[PDB]
Amino acid sequence: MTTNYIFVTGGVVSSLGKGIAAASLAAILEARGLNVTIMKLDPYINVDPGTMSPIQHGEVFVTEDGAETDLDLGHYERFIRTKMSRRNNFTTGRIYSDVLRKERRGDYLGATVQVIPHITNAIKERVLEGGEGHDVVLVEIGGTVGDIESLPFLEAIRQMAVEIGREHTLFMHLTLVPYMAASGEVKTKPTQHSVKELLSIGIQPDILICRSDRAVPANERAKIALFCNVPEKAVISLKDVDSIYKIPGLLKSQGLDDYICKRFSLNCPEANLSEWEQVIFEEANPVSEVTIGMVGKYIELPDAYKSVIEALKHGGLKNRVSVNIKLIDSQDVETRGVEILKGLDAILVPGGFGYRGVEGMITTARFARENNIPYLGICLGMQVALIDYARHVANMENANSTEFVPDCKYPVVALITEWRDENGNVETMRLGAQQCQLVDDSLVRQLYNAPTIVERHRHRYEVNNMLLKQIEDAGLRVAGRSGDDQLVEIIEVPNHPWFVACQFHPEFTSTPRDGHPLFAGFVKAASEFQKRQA
Amino acid sequence: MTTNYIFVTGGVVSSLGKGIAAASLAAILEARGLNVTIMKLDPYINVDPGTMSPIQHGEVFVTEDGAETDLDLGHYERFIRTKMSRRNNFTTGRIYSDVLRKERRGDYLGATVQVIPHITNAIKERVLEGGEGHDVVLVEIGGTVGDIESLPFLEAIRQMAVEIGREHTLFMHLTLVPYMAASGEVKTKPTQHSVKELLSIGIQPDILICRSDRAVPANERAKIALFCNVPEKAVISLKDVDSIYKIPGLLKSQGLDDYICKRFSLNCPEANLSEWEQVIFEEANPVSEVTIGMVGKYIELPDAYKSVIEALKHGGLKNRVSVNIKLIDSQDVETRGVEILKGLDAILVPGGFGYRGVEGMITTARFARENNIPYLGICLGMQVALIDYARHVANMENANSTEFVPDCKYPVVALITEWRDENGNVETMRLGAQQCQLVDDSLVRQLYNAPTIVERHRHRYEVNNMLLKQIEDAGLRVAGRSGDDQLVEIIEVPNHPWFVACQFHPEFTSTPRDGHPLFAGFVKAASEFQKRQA
Amino acid sequence: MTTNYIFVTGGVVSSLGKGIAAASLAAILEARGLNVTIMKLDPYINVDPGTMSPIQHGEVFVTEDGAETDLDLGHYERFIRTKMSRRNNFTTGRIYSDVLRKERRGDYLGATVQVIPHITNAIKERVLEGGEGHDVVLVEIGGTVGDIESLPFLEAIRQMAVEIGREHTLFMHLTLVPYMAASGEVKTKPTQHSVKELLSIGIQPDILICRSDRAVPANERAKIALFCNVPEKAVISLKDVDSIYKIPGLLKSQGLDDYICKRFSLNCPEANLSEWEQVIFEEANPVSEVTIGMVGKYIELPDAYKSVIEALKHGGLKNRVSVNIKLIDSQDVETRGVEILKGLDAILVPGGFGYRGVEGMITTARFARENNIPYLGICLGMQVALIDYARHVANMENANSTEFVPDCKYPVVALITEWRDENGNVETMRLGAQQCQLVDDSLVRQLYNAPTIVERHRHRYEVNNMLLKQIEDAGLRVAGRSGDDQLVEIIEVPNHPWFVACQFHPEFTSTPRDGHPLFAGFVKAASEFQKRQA
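Chains as they are written, first to last, in the entry's author numbering: chain A, 1 to 427, 438 to 544; chain C, 1 to 427, 438 to 544; chain D, 1 to 427, 438 to 544.
Here chain A stands alone, though its shape is the one from the complex:
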């Protein structure tokens, strides 16, 4: 058994969906019965993604082993059943940190540490590490070809291609074949140049991917084949589609995987695309529909709440109901007011960091609570809901979080060390999948059908138990607590049709095939309420 590698690059423009393409391929090769894995090389200087905001790159993926990483690692989880780890993704900054530390420790024995060969060796080692024991390793190269931001990686690859041997490596490259309406046709010139750029750095493409909003004519594919030194059969067209789960079908349709096994000589098992067929069937045969408002801050870029959006979708799939998300700026709730929240079947408040429109978020929580409108709060949404209830029911004037106000007077949220009461009497970040203790008498315990659950976290502040008894005794249900210090994990409203909120991130566990009890209940409640109001 010898590991085979396929490198995935792309040029001309960004935003082509390199990770999507790679993931779809992996799904097929999985369906061919191969031991497929995948890694992504991140050109950024940031060592860890935790040093960047949600608005900067969208959601940060949490791996099983607790590592924080590129969102695309979650995308990989949605196409292949293998598990990602810290070994599946690292950054440029990470590399330098490691190398410089080795230098400091005398690891290079007085030698000059140079990009070539030392930085590239660091890269080479990491690649071999992650691909160890696998049949096929896909490697996504971030950045854009021709930019200096990733040339070191491209060089390391070239070296490995030579050292390993061409019989175990392929070069896949994404391009853009844009449609020029003024001319009434697509152009190939950009592609031709993109390939030339790879060639100038020692890389000859084997497989071409033509991204566009429409199928590229065979004639044009042939023209490309000519200029790029690539067989026509290896020039794959990839038009835009309305679902990433249809891509495996397209790649299979054009014989991509067969080519690879012949190279690529692979004994690939018959593709099991029935999962996609199911999705298609359900898509093409809806029965209801509900409208769910999403009040937040980063709504100007859907990607910021991508994992949430998909979790909602999955709940809808299980209940055969369309999910219509209304994006709402919490700051507009502060300006315009609750009129925004009208015409909704359910209310949802996502997590995140930053104050901005948080008071409007509270107003919304209040609105949904007081008007009995199916409410779901996550992380920050829970913090908000806590304040809402506390201030307007438990009478905790200015209930707040110490992350925004040093002297809240009624710090309902604070660091455990910072826990204190309204009289000033007292007494890092929770990450990854953690076990939570559910209250047997709670709704969510029964939704999960289990005494305890394990769910992912990403936050530093906690419910201030010094003032919890005020809130809870006022008439609020704690549906779950955590571990050692029984930190509040889930809250339910005693007489609200469906109002829940939690500390964990259920949106990182939800799948299209399994769904997720919480979102199933939420979306269902939306429907129930909709009918209740009709």
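Read the hints as simulated data drawn from the structure, not as lab findings. Check the hints yourself; a few may be wrong.
For chains that are exact copies, the list does not tell them apart, and a pair is met inside one copy or across any two.
Capping the alpha-carbon separation at 27 Å, the derived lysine-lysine pairs in DSSO-like fashion look like this [to be verified]:
| # | residue 1 | residue 2 |
| --- | --- | --- |
| 1 | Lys124 | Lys223 |
| 2 | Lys306 | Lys187 |
| 3 | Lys189 | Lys223 |
| 4 | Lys189 | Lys306 |
| 5 | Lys342 | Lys187 |
| 6 | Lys124 | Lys189 |
| 7 | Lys102 | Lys223 |
| 8 | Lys83 | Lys124 |
| 9 | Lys479 | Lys534 |
| 10 | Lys187 | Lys239 |
| 11 | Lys196 | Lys233 |
| 12 | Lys196 | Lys124 |
| 13 | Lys223 | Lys239 |
| 14 | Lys246 | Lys342 |
| 15 | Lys83 | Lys534 |
| 16 | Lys189 | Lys239 |
Given chain A's structure and the hints, the job is docking chains C and D onto it.
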């Protein structure tokens, strides 16, 4: 008075409309009271455009001095009142022909002839020639930046610019700021790279043109300004529009010309944009509409019949009537038949070269003639009509052209030398504006209101006078004859509502403001016939 | 039998001896019993080398078939027995001439003629033509890698290589490993970059040639091997030597040919290096010595008279005598006078073009003649001697050539058409090997031992028969006449110890193993004179 120059380049993709942008600018500069002219340099090896087909590059422009040249010079004359002479356009091959000839005759005295400096000097000298006596000279560089096809020219410019000084030169550069619907936004990266490419060959852009299908946000323009070393006000946005005549307005709106005179310190007279204001009014307030069929061969690319389409538009403007053109493949008329020609108010048959389905063109001519449907024939279309009438009225068995069948038996079209009768008894290319004697009693004479006219030509074969008397005596009007040998120029059908066909190319002389008698009459007839058939 | 190809390129700096290296290799391949040939592509606009001066590029080689070509073709003749032809050498300009002509006559049927693919087609077809029927074909690419002057050729090659497969092609690249005395060591960086440049245009080197003034250390060769993706054994060191004839030995020493046949898997015959062993023996064991003075014009770059220098050397080899050549400027004899000509054992006057100090050349001819100093005149040197004798012995005041002074009055040299006497009564270029009728009673007839001989030519003006009779009757022996027109091919002075001058070019036939009668005679006479003067 010292001549100022502005160079126009473009990159990322082809087909951005460099000629359009340049012409629009020139129009404004003329409107500012400046002696502005324009030249275009081509990256083609073809010495003359006469060696290429209409399908290859579209219509070939006919200049006043008889030179055959780039179509864009027609566009240049449609915006400024100066004339596009042979000095206003030349190719790469042209240059080499000249230089090699100079070498052959000893003009380089035993020296090595090199791109640098000899080819670049040849280019430079031609530019200086054309720019003589002008205030502002625009120079359009064909090809795409980064491609080897025009690097010599870019180099020649660099040299020139240095020699004449920056105070007499500006660098304008077109780019693409494509919209990526998947991201929901436009991208600037391609532009940044395009500029870097010019810089790598010694050229620093002064003015940027952002081509797109929508206005580019000031923020994005600022980002570009940053990365390109260009002032924000010199970054011009240019969204797609439905008419070239609206571009001067846009460029003026963004202050482009003011910048230039400040650089450009120009004492520019108030722009006279009333010509387009007129057009806008008429466009916005049409009174009728007609449908006119166009039977030909190169209909897969409208540009092939561009000048014709424009002329038709001009007839429509004068008659306040919309002109709906139906493109028809002559091979389909040949195959499917005259059913194609139904539902039309008028029939038009354009000129060109190639057999393909010319028999179907003849069928169409017959159809329009026999059914009295407003017919207009141009160049070849006249030859087609000649055959039609001859064979089916004058009983000229297989009336035809010797260019396809030497032994026609009734060679109605042949070279003057080749003129012969049906018994075999006997006895280059006509180019440019030539005087034609109109028959005072013809309609066309009265349409022009003149004894004679001067119109442009482009053909080799003539009406075979050996058999003309057969055709003419059968009942057909020769509405005009040339000069020297009174060659048949225009034919009219005695009892047809509006049947005119001619050897010359009226489409190269019409304007949107002056119109053109033949299209005025033709389109009017279409309307009359439309009402007749109702 | 399938033809194998090896391409030769060079980077960093020019003048590394690409032709030398290629010829040396070919010699070895022939020595191994392989059908090897060689071609050279030249990056020049000049169509034919005949349009350039001797001082510009040095001697222009005359091939068997009369083609004028690059000097290096003669160098190829000195290493292998495969005969060169017009198919073995052509220029960039030649290509364009051919292609443009094809365009003109319609060979491209209306298509766009582009560098790619049409210019590259012209190139690759010529390559395949010349390589027909050979086992191994060496192709030398002139110019320097990274320069635009030869990128089209490099591209044509890349394409070809792909088309024929790597099993039939190798890339040999020359570089420079400069010695930096300030550092006390050689550097390799330039080489590393040179290789990178080839890679950027799609070419990966297989064999590296390290030119220097000293052997390159294995360590440095290894460093290069690393950075260039080349096996250590394929990195060849090539230090400067005092004789080209020693290079085959060096290449053989490093196992180059074995590698090639293994690739390169070649059943190569044992190298016969005895030709150089002979030379070495003779070189290291001279017996006499003699001083030869040469008067000319292009002495500022010995390459101009390279073929002559070699021919003199060959005469010396046959007479076991060292040849000491004094370089004399004709303009100095003109200025300083005959004092320059003192201390010489014999005097030689070469051919060429340009009036310059030719009067000093005439003065020299006079000097050698009148002082009985062995003399050898070639082409122009004959014209010079003719004038000398004519003016001073035959009393032909202002004896001269019409090529410099049309109105001579005693045009001893003139175009055959221009032949005339002093009273005005009258009555292109001769090239290649032509038969000359020798006079049986002449020395030259006996030196060659044959009634007639065949020798190469290159000149436009001939001995003026109208006045010849004055010169010949005055006491000058015509040692041989051409043929049809009995043109004075060669003369001898009746009472001069050894004074011979001719129209032909004996220097293009002389070899180190065969020698040549006129140089044997001249050099011997030179020695004899020396001894007579001592």
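Treating 27 Å as the Cα threshold, decide for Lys102 and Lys223: within, between, both or neither.
between (49 Å within a copy, 25 Å between copies)
State whether the alpha carbon distance between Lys187 and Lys239 is at most 27 Å within one copy, between copies, both, or neither.
For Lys187 and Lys239, both the intra-copy (14 Å) and inter-copy (19 Å) Cα distances are at most 27 Å.
Taking 27 Å as the upper bound on the Cα-Cα distance, should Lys124 and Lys189 be classified as within, between, both, or neither?
This pair counts as between: shortest inter-copy Cα distance 24 Å, intra-copy 33 Å.
Checking an output row: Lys124 and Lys223, CA cutoff 27 Å. Within, between, both or neither?
Intra 35 Å, inter 20 Å, cutoff 27 Å: inter-copy only.
For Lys223 vs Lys239, is the C-alpha pair at or below 27 Å within one copy, between two copies, both, or neither?
Within. Shortest intra-copy distance 18 Å satisfies the 27 Å Cα cut-off; inter-copy 30 Å does not.
One pair to classify: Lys306 and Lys187, alpha carbons no more than 27 Å apart. Within, between, both, or neither?
between (32 Å within a copy, 22 Å between copies)
Same-copy or cross-copy closeness of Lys196 to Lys233 [CA-CA at most 27 Å]
within (20 Å within a copy, 31 Å between copies)
Under a CA distance limit of 27 Å, which applies to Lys196 and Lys124: within one copy, between copies, both, or neither?
both (24 Å within a copy, 21 Å between copies)
Check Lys246 against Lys342 for me: Cα-Cα at most 27 Å, and say if that holds within a copy, between copies, both or neither.
For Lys246 and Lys342, the Cα distance exceeds 27 Å both inside one copy (36 Å) and across copies (45 Å).
Should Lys189 paired with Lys223 be assigned to within, between, both, or neither, using CA atoms and 27 Å as the limit?
Classified as both; 10 Å inside a copy, 26 Å across copies.
Between copies, within a copy, both or neither: which fits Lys189 and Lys239 at Cα up to 27 Å?
This pair counts as both: shortest intra-copy Cα distance 18 Å, inter-copy 22 Å.
Measure nothing new, just compare the shortest in-copy and cross-copy C-alpha distances for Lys479 and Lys534 to 27 Å and report within, between, both or neither.
neither (31 Å within a copy, 90 Å between copies)
Against the hints set out earlier in the document, violations occur for numbers 5, 9, 14, 15.
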